[PDB]
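Note that this complex is displayed minus one protein chain, with the remaining chains in position.
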Amino acid sequence: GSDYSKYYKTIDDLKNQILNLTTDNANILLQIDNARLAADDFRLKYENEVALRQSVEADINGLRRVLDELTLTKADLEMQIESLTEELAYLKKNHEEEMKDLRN
Amino acid sequence: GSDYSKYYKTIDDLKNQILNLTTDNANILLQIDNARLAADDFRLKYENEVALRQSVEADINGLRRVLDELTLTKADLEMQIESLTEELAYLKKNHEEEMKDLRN
Amino acid sequence: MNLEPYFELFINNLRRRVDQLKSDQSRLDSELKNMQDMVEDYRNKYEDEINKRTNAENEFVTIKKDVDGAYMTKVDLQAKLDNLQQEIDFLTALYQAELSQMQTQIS
Partner (left out) sequence: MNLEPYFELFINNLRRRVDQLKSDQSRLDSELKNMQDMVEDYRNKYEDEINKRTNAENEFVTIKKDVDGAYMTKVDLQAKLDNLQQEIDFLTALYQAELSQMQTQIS
């Protein structure tokens, strides 16, 4: 019958609509899955980054403390060297003068 | 005195030899230190590498199991689809023939 | 002259310091050689593990593409099968009803 033919048309339209919807939704699910893996991958890479940066920065702070210590030490040594240099020169010239005196 | 002058020469030569040796050894120690930091840095970088590779490879094996399952499923579905297709065609043509028979 | 041993003592001290510093230098040479050797070993390990990792990543990409395709095929096949079953059942009931319709309609 004709009416039955119309109903048939609607049936097939719904069948194909199913097929299309299942395929589309499957593709979207794959997009979601791959995007998941990408987010997780980026979080691992990031974690590695914060680890490397952690070691670097800590080492930096340690090296700041060291540098300050070394500069203070340098200044101190310069002072001491100055004093001992004056003292040595005095010693040498004084002994030589005493030699001159006793020889005269 | 002259002899004392010779002894003086040896003294100064030893003083400068000290200075040179201390400086050289300090530079070598710095080379050792920096090389240490480089070895440790390369071991951290390496460790990160084996971690990334760990995640990757494990995921691979999992995906091998999945792929096998999906292929087996595909073959099974193809078989079922074949059977049901033959059965549907039979059903349709048989009903139509019966219609012809009863109408005659 | 009386003061030769003063000079000889001071020289002896300087000689001792020098000899210690030379020994120290030899040790430092060995230590640096060991360390550099380590830097080369761990560098090599690191690079090789880079390449192994990279090949693993590429392999993963390939197999994940294959899996995505296989999943799509399974989805579509399952949909087709479900459609076939549903249509079979529907047509079965409907056709039996057509037979009844005809036997009664003839009357």
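A, B and C are the chain letters, set down in written order, and residue numbers restart from 1 in every chain.
Following the convention adopted for this analysis, a contact is a pair of C-beta atoms (placed from the backbone, for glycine too) under 8 Å apart; a residue touches a chain by one contact, two chains touch by 3 or more.
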{"item": "Candidates B:23, B:83 or B:94 - the one touching the absent chain", "value": "B:23"}
{"item": "Contacting the left-out chain in the complete assembly, out of C:13, C:30, C:51 or C:55", "value": "C:13"}
{"item": "Residue numbers in chain A that touch the chain omitted from display", "value": "1, 3-4, 7, 10-11, 14-15, 17-18, 21-22, 24-25, 28-29, 31-32, 35-36, 38-39, 42-43, 45-46, 49-50, 52-53, 56-57, 59-60, 63-64, 66-67, 70-71, 73-74, 77-78, 80-81, 84-85, 87-88, 91-92, 95, 98-99, 102"}
{"item": "Hidden partner interface residues of chain B, rising order", "value": "15, 18-19, 22-23, 26-27, 30, 34, 37"}
{"item": "Those residues of chain C which, in the complete complex, touch the missing chain", "value": "1-3, 6-7, 10, 13, 86, 90, 93-94, 97-98, 101"}
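The criterion applied here is as follows: only the chains that are shown with their structure count from here on.
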{"item": "Per-residue multi-chain contacts in chain B, two or more chains", "value": "45, 52"}
{"item": "Junction residues of chain C - those touching two or more other chains", "value": "64, 71, 80, 87"}
